[PDB]
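Remarks on the structure that follows.
With one protein chain removed, the remaining protein chains of the complex are shown where they sit.
Each chain carries a letter (A and B) given by its place in the written order, and its residues are counted from 1.
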Amino acid sequence: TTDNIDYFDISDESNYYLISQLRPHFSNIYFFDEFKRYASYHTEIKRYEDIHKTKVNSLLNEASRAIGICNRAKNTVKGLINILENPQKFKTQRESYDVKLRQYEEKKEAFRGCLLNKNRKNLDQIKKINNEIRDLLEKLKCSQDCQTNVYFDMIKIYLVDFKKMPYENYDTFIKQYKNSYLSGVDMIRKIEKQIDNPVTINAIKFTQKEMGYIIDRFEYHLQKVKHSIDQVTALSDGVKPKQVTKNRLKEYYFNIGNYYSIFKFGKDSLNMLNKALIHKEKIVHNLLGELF
Amino acid sequence: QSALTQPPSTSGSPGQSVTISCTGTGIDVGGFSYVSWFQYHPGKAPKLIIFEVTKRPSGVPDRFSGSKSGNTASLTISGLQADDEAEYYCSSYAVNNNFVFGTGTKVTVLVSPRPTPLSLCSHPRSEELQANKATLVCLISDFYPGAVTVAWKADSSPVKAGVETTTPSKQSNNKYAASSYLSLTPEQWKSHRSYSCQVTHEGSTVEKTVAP
Partner (left out) sequence: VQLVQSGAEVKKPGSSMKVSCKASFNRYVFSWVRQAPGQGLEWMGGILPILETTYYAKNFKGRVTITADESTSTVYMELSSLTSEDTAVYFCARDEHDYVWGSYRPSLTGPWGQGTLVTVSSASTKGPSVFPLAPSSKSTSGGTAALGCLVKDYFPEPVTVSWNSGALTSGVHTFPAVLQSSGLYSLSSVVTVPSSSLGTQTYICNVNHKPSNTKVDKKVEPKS
């Protein structure tokens, strides 16, 4: 009996952008918020109110406006999960399990695609701001001797922001979950032939089918945060050039911002995927006790 | 996604260094910190040389060292040896439980002599000509490196039909071997004065000649 399904995210066919039900939905919006701090430094591009007020906010509003069109699909799946993952509520009506299983896969994929199809134009605006950031960064007076002091002043801040996240705790929590989850798969697969409880066992199978999907989503950002933590740590210890070309600095800014925005994107998801995992395991702890 | 990029050939002298690259996208290499390398001997199973971009397995010598920076991972083999001559692949995890390899980088060791091939040409036998078939057996051996080009001349006339040449093959003495064949007919065999087998290796051509 879950009361939230914000763990559902979808990736485009190109697999470059990620859309989530939690604000700001996109990983690149966090990068747009961080680019305003980059432009806040340099004076030749210090005009940052135009990007903040016009493009970014309208994109964040158009993204929040797009998910509201899939609210009926979100509330439709939320009702089908609570009925299927609870045998007492599933047995109230008399629809067969295999029919409700096929409806769940079709009703969920229509909601996921609703988040992607209603944001095709928003993804096209994400590219418009990335090219806008590149076209704006051309206005710097530097060319071949661009200073990187602000580039390394930022890395010192990014190392401190990484210390607030408990990676070791998240690494121990996920391994604690995958062991109690896999052990439950062996238990059901060992008594399904000796126990005559179809309405409850099949419902326990329906819950484990979701839990494996959350671990696939919870580990994605964990891999991406590990990328943001490991790559930035090497930047503070690697080469520290005082002068680079203008195009190389555009690759310097778009690199750390792509790492930090993904970091802040993974920190928000894992905080939700934490409760999303625990809730599914609380049901199993009660669905198994109800079984015996 | 797309297969990772690797230079097909990398060279290095013994006691010096060599650096190979591994270019990918932001969804395979530039996405995760799980980029592995593999040394590959043809015929046997590959061996993991590098795990997690820069972690070395047990037993791997300390001279092997990998790295990465953004979208291009690079492995460096220091203090080259005769055992380091093999194909070196790179790999990386990708989104949605996808795993992609690389195109492979053939590593060579510049610690070897360069002998010219010794060609041995054999004319058709009496038993083969009695079966309405003819095959000129031209054999190549003792050449370094393994890169020869074979050309056949039928009585000072270049012949291109019936020619079949194998790819080079390393011998037991670390040199290479190859062979070529020329399928003919008894009439074409008894028509010309003599056939030749020209084998060009490193700009130097060695030719043998047989005649009825």
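Just so it is clear, contacts are C-beta pairs under 8 Å (C-beta built on N, C-alpha and C of every residue); 3 or more make two chains touch, one makes a residue touch a chain.
**Q** Sort through B:73, B:177 or B:184 and give me the one touching the missing partner chain.
**A** B:177
**Q** Could you tell which one of B:10, B:71, B:141 or B:200 touches the chain left off the display?
**A** Within the whole complex, the residue contacting the unshown chain is B:141.
**Q** Tell me which residue among A:82, A:130, A:197 or A:223 touches the hidden chain in the full complex.
**A** Only one of A:82, A:130, A:197 or A:223 touches the chain omitted from view, namely A:223.
**Q** Considering the entire assembly, which residues of chain A contact the chain that has been omitted?
**A** With respect to the unshown chain, the touching residues of chain A are 171, 174-175, 178, 182, 185-186, 212, 219-220, 222-223, 226.
**Q** Tell me which stretches of chain B touch the chain missing from the display.
**A** 3, 32, 34, 36, 38, 40, 43-46, 48, 51-52, 57, 89, 91, 93, 97-104, 120, 122-123, 125-128, 131, 133, 135, 137, 139, 141, 164-166, 169, 177-179, 181, 210
Keep in mind that, in the parts below, only the chains that are shown with their structure count from here on.
**Q** Approximately how many whole Å separate the CA-defined centres of chain A and chain B?
**A** 46
**Q** Mind listing the chain A positions that touch chain B in their complex?
**A** 11, 15-16, 216, 220, 223-224, 226-227, 230-231, 234, 238, 251, 255, 258
**Q** Quick check on the complex: what are the chain B residues that touch chain A?
**A** 1, 26-27, 31-34, 53, 69-70, 93, 95-97
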